[PDB]
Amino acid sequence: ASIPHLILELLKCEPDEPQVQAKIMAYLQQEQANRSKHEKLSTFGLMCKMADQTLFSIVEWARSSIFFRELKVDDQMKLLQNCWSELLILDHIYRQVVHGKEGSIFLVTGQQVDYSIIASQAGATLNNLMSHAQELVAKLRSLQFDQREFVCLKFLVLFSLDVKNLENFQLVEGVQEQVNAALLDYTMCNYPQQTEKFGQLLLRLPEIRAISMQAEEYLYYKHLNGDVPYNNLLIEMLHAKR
């Protein structure tokens, strides 16, 4: 099992999932408990809050990266406002590949719900995105998508070359190259069975990106229509620059 030193430094920024799961569900439980059953949150209202908490984890995770802290808050805000939706989808997908089983959905809190139950409550747009995500979850499981490659895709998503108006773009470029290099070496080395895993890994990023776009727009509109409950930063995320 060969692991490039660069990848080793990336895994150190991953939070402790077992506790953050307790943090989130311990938070959601109290919220519902503070309300009579006329006040209780819908299934959508609850899904909104889990994502907000996940973003708090994402921000704290991003703030833990040495490369990220080398930027000024200006450049930092521009990278997050460009990938926050794609990271959320990515983390959800990886949660299914790891702890998820077909026909079931696993949440950040660790709760295992039936896909059919949750799907029958979503509109046509969400169902198409959810199933499309399920399709990607299956392809990645066949490729034996591991945690080491998961963190690489996160940084690749975070440090986008399509981000414009950056003060230190060269810094973003170097990180892109260093991560692409480390991933390739690790993939071809630890997975000679799939000679093409790396080439196929990068292929899914645009697909996860597209899903991120359609979903981000859908919520921006629902928020404009007032159908989105207030969830702190998640609102200003869409409330600013769409």
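Numbering follows the first chain given and starts at 1. Rigid core: the largest C-alpha set superposing within 1.5 Å between the two forms. First, how it differs from the form deposited in another entry.
- Fitting the two forms on the rigid core leaves the C-alpha of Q194 displaced by at least 2 angstroms between these two forms.
- The two forms, fitted on the rigid core, differ between these two forms by less than 2 Å at the CA of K23.
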Contents of the next structure:
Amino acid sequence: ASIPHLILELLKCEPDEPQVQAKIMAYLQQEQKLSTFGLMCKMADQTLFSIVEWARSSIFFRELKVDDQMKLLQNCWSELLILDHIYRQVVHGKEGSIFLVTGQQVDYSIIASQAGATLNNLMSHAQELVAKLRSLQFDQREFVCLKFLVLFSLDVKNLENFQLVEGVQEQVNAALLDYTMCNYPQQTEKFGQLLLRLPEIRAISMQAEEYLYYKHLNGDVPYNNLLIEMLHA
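Could the form deposited in another entry be given as well, to go with the form deposited in one PDB entry?
If you are looking for partners or other molecules, they are not here, because only the chain is given.
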């Protein structure tokens, strides 16, 4: 490939997947009379620790005051989890099998038989999104760009340093515009197919929070975590 310099820097921030994977597996084995949905909330929770860790030592994010950092992540935590999940399905996913953050492949058959209406609407919207990205040969350069466009959002209020946020939007957009031009020249549509996937990720993630809040009020989400604290505002 040919990777614009800014994308090379964003790539260096990607953590070692294999270590996150066994860290989350080992932790779940320790928590040990747990229910299926409760176990997955703990797996999503620890994935969110992993997301905050990545953001914390990322290029332009490390330069923000903590209050700016929180505002940005309170706005995009669920989008980052969805994007993370979606990109895991493009690379490692196969025929009828959700690839988990812990490394295993649960057959989609298992989820279909046990999932209610809300979760079916969510899992299915997620899968049509995965398949759209699968057909775009979505790669890691494009993925890390989308992550920074999601993180450095312009829909966030009360930012002390709105100038630096607007600047990384500007530069990441232009870096992605550059990468699609060099690597996929005769595929003019590519850039736009990636940007139009952002509204959809936002929507799946608002839906996911509403689902997770429904489950929390039903008493299914075991006592409080990073996920419910993000959910609380």
